[PDB]
Amino acid sequence: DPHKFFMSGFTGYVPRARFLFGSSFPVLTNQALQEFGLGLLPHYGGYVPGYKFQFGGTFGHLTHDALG
Amino acid sequence: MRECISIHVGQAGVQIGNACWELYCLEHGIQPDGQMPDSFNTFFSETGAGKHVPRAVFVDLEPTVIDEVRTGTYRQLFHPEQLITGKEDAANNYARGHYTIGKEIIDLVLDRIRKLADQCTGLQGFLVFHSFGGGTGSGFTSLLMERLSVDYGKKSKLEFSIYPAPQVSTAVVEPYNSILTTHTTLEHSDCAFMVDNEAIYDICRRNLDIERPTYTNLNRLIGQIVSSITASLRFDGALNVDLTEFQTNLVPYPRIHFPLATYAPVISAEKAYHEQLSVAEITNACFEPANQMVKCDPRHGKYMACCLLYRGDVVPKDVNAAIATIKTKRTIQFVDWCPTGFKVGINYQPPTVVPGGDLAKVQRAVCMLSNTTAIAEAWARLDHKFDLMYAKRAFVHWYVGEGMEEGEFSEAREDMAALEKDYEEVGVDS
Amino acid sequence: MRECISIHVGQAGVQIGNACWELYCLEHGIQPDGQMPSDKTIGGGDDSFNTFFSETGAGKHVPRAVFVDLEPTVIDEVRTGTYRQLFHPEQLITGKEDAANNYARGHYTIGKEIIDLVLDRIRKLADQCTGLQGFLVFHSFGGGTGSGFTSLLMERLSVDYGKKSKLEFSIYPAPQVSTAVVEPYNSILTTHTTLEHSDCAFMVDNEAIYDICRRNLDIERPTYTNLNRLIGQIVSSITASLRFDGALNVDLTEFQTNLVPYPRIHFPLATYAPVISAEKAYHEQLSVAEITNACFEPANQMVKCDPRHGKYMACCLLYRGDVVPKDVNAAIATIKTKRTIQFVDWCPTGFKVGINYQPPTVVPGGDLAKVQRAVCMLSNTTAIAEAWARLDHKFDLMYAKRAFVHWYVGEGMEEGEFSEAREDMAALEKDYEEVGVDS
Amino acid sequence: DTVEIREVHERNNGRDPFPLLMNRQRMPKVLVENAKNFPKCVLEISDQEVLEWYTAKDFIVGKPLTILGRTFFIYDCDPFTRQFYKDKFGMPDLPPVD
Amino acid sequence: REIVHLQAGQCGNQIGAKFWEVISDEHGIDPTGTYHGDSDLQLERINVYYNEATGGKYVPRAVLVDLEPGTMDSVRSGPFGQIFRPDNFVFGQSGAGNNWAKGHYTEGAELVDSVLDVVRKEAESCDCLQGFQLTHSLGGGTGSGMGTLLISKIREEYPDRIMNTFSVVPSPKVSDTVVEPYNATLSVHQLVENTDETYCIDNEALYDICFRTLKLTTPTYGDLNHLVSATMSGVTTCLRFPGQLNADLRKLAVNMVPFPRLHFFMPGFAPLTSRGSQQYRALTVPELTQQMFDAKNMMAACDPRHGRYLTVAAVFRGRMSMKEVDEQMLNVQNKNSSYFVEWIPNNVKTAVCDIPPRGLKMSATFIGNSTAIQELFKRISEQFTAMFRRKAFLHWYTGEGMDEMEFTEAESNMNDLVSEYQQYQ
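Protein chains in written order, with PDB author numbering: chain DK, 171 to 207, 233 to 263; chain Av, 1 to 37, 47 to 439; chain AY, 1 to 439; chain FE, 271 to 368; chain Au, 2 to 426.
Some clues are possibly wrong.
[Stated by the list, open to error] DSS-like, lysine-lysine: derived pairs with alpha carbons at most 25 Å apart:
1) Av/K370 <-> AY/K96
2) Av/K280 <-> DK/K174
3) Av/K96 <-> DK/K247
4) DK/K247 <-> Au/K58
5) AY/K96 <-> Av/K338
6) Au/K58 <-> AY/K96
7) DK/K174 <-> Av/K304
8) DK/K247 <-> Au/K122
9) Av/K304 <-> Au/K336
10) AY/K60 <-> DK/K174
11) AY/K124 <-> Av/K326
12) AY/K163 <-> Av/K338
Note that these hints are calculated values from the structure, not bench results.
Throw the hints in and build the complete structure from the sequences for me.
Take a look at the structure:
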């Protein structure tokens, strides 16, 4: 549905402009108008429950069940 | 044979290295899950199975920014032990990184680096992706740049770092912390990529029309400024250069060793169609003060050396005339002991914009590297803050607590007094 | 290679240009979006659209125009209109508060903010040009934006560039028809610029176009769409010796050394000879000897003055269409035998001619008729000194008891210039007198 | 034949204690097509702009009632209203809706 | 990065009851002790405030102690009180009154040897502990007795951690107790010897928040327990969830404390609005920043106008931009720069998280240090003059030989805390 944006530099009102951030003006404006209309990694720095029921297998084969 | 290992330290080095090593897997044909469906051995190794594995180090002393990488995004790319983690963050001071918490894995950065040092037939330098304002990026970096010069030494040094801005500030007492690395760099540095945040919330607000930007709007551009430096080993061209070649020019004295950076052609995805994108314009777009990557005006100071590296469709005869336009202008000035003061390298490949990105698919690119003596005026205001705190002696109380005596403090002034003195001596008419 | 910059300041200049760049794009094959159609064409050699249009390597065209105003509501019509793909979206420069017809709000407090920005586009456009020959500024005399902010803009160009030509086009205040109340203040306050910085500042008034709309065209109650479309035809006729090759071409500085006699008489008028409707068009002849003495009517002049109350120091006849150079020599002698037409004793030649090859063009939905021969006629005369006489009589009755003044002094404007600009304007009406006499 | 709408406030409802949602006034049910251009900012709606007014017949327990673009669901009526509907309209008992 | 959270007094059995609902709200746990949350980023690093058990059941690292069993009968009676450790309620028999000198000394010593056991049992069950939390009563005898006892009692075992109280503090308007003015004087004196991060809370401002920024007409305790329950987990937002600018309480304490004598704090909580007028406000970054620096949002009942700040900290929790933060912290540092000082060239440190909590999208937390908190310790110093010279309620306080020279040196050093205003203004 092209040509559905305001030109960059537009001063007049555009709805929902103040709630969608982080970009330049027409790429904000097109979405503003569309709105207006297996195993875990070893040496892991994190948490995995299922920590304790283990003996004698590698990390990926242990955490494959925890991811699935 | 033209190998390079560059290091990442801090909160930034994983996050900047998220978007630096985004591109070196994208420039080549490399899938993120280790495969490719020659000159790819500059930023990669090779396994006989076929899997491609990179080589660089990631340090942060709490696991989650490295557990950002270790989770589902980039699992099969990196080596599982070039992602090493502490268990507690060094937390805004030099002490926990350099002295206490680093020791249980500073001999884990050095059994990987040296094992990756001795699996390269060539090497050219050590380059650092770290952060001045931290407690890891100025703690664990100066546990490694002071320590490799004991071992390796005469090899080249460069530092892609993040500098304190003039007006915008993130932490509170970090101006005092900044001077805990200008003690150590000035005796063991040969390059410095000083970068603030306020100047790329404005480069991204003038050239791009992005008011109010974020880090991933920002960090993908630092991932570009490195790749027009390492382009020459990675891809061929008309005039290929090497990592030891630019340092032969860019450091003039034992005390003027501080260049800058500038990515010249930068524009949105819209204005480039109405833009001509000429060689004669993106060579004198570099010099205007609103294109510097730090908040510095290059009028009141001088230029020492100028390094240029091109990309894509560049013929040299208009570059040889684009320079001769500049040196007859006199809004910029030069010192009288450097009559040559220029360098140009050229490659054949054009740039690559990331999918879903915020820049234009251009067939040209320019990087401007400039030693500037007006950085002295920039180093005036940051270290002017030291006098307003040391009179009232704020926070020296916990500074002395974990292993840094006051000897660090006295030396730091007497380094910056002589560092601000020689920049006066270099600009005078002889 | 024969280039020109076209600035548009204030509402009374910007709304001209919305119909000017229709007229420029229709002369060539270019659509609104800039893409050449590649299917149909009006034929012509390349490098002909250069003097007003740049050309990206992609194939779009960019105008050499910058649209600057201190209020947003006149430019924001263009950013959403039908010519949005025409311009570069950083040319369109916008402010917060307008001048409110205050010279001190466009030259002293509010106008100072943009003037660091707007010269960085005149700088940015000009070095992208190879050889450049001047400017085309479109302001109006009665307003705080057209006569205040122009003086801020035009002082900066004289100290930067200097000798290069500036071709202003300014609506002049009329005898009876007027809209503002402070218009006698504004138009006598910007005459420091035309004293010193200008080269050729032509005049229109809105009153005289109403009659030439009423009798010549079949128009009762004309809009401002019909005003603007007739004005740009004069502008598109003086700049056809650049975009086309003509039989007897006139350069943009070689006419300046014949149409401007002394360094203080650079205020000539305009006239467009064939202006008719489609249902009286094919019922007349249109010859060279007919549309030459149709220029020198009282009733066809662009500015409502009396041409018979003075002398024609220099005229520059511009012709376009199927005109052979024997006919122009036939008609210049027919004029010079006449006696109700008037001469100058110390100007024996008097006339400069220019003949081109591309006819006038017609805009669909427009009111003009399709003819083959058209003449614009730019003439210097002393008929405009009496128009200065009536305006300064409308100014000093304000100032005789300091009426309406205190809104000016509230934004840094001094009282000292109101006295000085009157006497400097007073020194102009003798300089038409002291050269219009005989031996 | 006027309508008034009162707000029922509960204890600790977090609303300002205003007793009225709508003042006592005659309510238009259907406006004339030309009344879309009626200058409501200067003139009150007269009998000429209203095709149908709300009558006592339009208020029915268990039916939605649309007033000023708000849809009210009538769930009960008082004993007097119940008796009045039985006597005037012959309607059977108007059971309360839970 | 483990956390020790000590809970003594009735308030610590009543604040920490409502504390341990929110940090079981966010990790998606029912009060049976099982994980029934939304996403799997909250089970990943479940360990910061919480602990594992066999069979899948989940059991916290909680300590809740008091002397009378008239408090721990209310914890287990509640909705979320069943998860707590049955061995942390180490209950005595004879409760204390209002003087703390019989709390920790006589009635506590048989019980603190069971308090010091389970804490040392907690320390050996943690891997990398970071700090020492506390929520108790400074004018309530069992908390200022047997908690401020423990402030001097685990510092001996572990001097390499950070002490961070969540303290209530006395107030002008009423006396809920006649004992608490001169009861607080020595317990606050023990803090200045040792404290690092003192979060002073009142009940005027938490009855002024409830009547002008929440418009709420009958505020019970359960309103005021929850608002301070938000600001506890609002300051440690980074240790259990990822983000883009992480923070710990060493990252906090590097920025915030400049001198070893002035280091007392005051908290806040930003996105506060009334239930009726929720759809009228624009909850974005520029309004939360304006809200968190004024006087009407402070939980410590002091005005920050007549005392300059020195160091200010914040945090946010949700996806946002950062130019909108770094300019707006630079607005208030120079729009009104007469309310900071010219020898500290920065005053603000901030941090971000990733996951916003349940029911909001943009949350924030304010932490502040200033020089108007000396007026908060002025009034307890003022009341001591009218009470001491007549030796007013003394016989409960000389009740077992604790001397009058234990009283004379309190205000002799509480003048010195306000005599550290001279180095500031």
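Between DK/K247 and Au/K122, is the straight-line Cα distance small enough, at 25 Å or below?
Holds, at about 20 Å.
Hey, Av/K370 versus AY/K96, does the alpha-carbon distance stay inside 25 Å?
Violated - the C-alpha atoms of AY/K96 and Av/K370 are around 35 Å apart, more than 25 Å.
Starting from Av/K304, check that the Cα of Au/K336 is at most 25 Å away, please.
holds (22 Å)
Decide if the proposed pair is consistent with the structure: Au/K58 and AY/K96, CA atoms, cutoff 25 Å inclusive.
Measuring from Cα to Cα gives roughly 64 Å; hence the hint is violated.
Is the Cα-Cα distance between DK/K247 and Au/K58 25 Å or less?
holds (13 Å)
Quickly compare the C-alpha distance for AY/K96 and Av/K338 to 25 Å and report which way the hint goes.
violated (36 Å)
Keeping to a limit of 25 Å between CA atoms, is the pair of Av/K96 and DK/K247 held or broken?
holds (20 Å)
For a C-alpha distance cap of 25 Å, please report whether Av/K280 and DK/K174 respect it.
holds (17 Å)
When you check the alpha-carbon spacing of AY/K163 and Av/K338, does it fall within 25 Å?
With a Cα-Cα distance of about 21 Å, the restraint between AY/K163 and Av/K338 holds, given a limit of 25 Å.
Would you check the hint for AY/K60 and DK/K174, treating anything up to 25 Å between C-alpha atoms as holding?
Holds - the C-alpha atoms of DK/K174 and AY/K60 are around 21 Å apart, at most 25 Å.
With the threshold set at 25 Å, check whether the alpha-carbon distance from DK/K174 to Av/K304 stays at or below it.
Roughly 37 Å separates the two Cα atoms, so the pair is violated.
For the pair supplied as a hint, AY/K124 and Av/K326, is the alpha-carbon distance within the 25 Å limit?
Since the Cα atoms of AY/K124 and Av/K326 sit roughly 24 Å apart, the hinted pair holds (cutoff 25 Å).
In summary, the numbered hints that this structure violates are 1, 5, 6 and 7.
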